[PDB]
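> The residues making up each chain are set out below.
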Amino acid sequence: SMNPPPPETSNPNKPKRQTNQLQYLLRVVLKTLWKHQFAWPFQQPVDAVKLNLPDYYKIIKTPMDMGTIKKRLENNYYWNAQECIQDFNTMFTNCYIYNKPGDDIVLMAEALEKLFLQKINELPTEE
Amino acid sequence: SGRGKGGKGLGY
Numbered sequence: 042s043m044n045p046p047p048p049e050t051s052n053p054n055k056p057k058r059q060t061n062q063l064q065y066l067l068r069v070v071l072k073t074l075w076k077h078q079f080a081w082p083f084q085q086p087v088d089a090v091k092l093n094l095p096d097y098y099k100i101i102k103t104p105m106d107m108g109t110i111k112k113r114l115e116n117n118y119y120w121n122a123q124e125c126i127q128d129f130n131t132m133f134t135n136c137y138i139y140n141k142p143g144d145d146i147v148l149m150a151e152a153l154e155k156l157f158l159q160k161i162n163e164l165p166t167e168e
Numbered sequence: 001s002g003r004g005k006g007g008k009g010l011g012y
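From first to last, the protein sequence lines are chains A and B.
So the number in the authors' numbering is just where the residue sits in the first sequence, counting from 1, plus 41.
The numbers in the authors' numbering rise by one with no breaks, and the one at position 1 of the second sequence is 1.
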């Protein structure tokens, strides 16, 4: 099997805005997770071909990763903060669907998710 | 679950 194309990250047929909370999501929340010691499995789409995971895209139909999320934020792809948060949520659940309990990547996801939740508790005020 | 990804240098 081939890899699927990566998720869409630019769509100019969607209106664009910058908001306090979206900027914080990019420059603080994502930035903090991105530079964490456990970030790397989540920094790009899963390359099922190079990782020899023929089952990955049989199981995961809504792939998501922080590389995609970053690109979406840079492109003002999200109008609402919650759309971005949802993509983080999807990324974590995909990990818990595909990987077995006890696996290293599950530990890594749980630590990043706890940190994510902490950072989201600190979002600034809405316009 | 699928086949998984293997160790990532945390263990074990």
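Some hints here could point you the wrong way.
[As the list claims (entries may be wrong)] Covered stretches of chain A (in silico footprint by chain B; criterion: 3 or more residues with CB under 8 Å from a CB of chain B, positions within the stretch not fixed):
(1) 96–103
(2) 133–143
(3) 146–152
No lab work stands behind these hints: they were computed from the structure.
We put the beta carbon where it would ideally sit given N, CA and C, even for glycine.
> Now tell me, hint by hint, if it's right for this structure.
Verification of the hints:
1. 96–103: With 4 residues in contact (Cβ-Cβ under 8 Å with chain B), the coverage given for the stretch 96–103 of chain A holds.
2. 133–143: This one holds; 4 residues, not fewer than the three required, reach chain B with a Cβ under 8 Å.
3. 146–152: holds (count 3)
Figure legend: structure checked against the earlier numbered hints; every hint is met.
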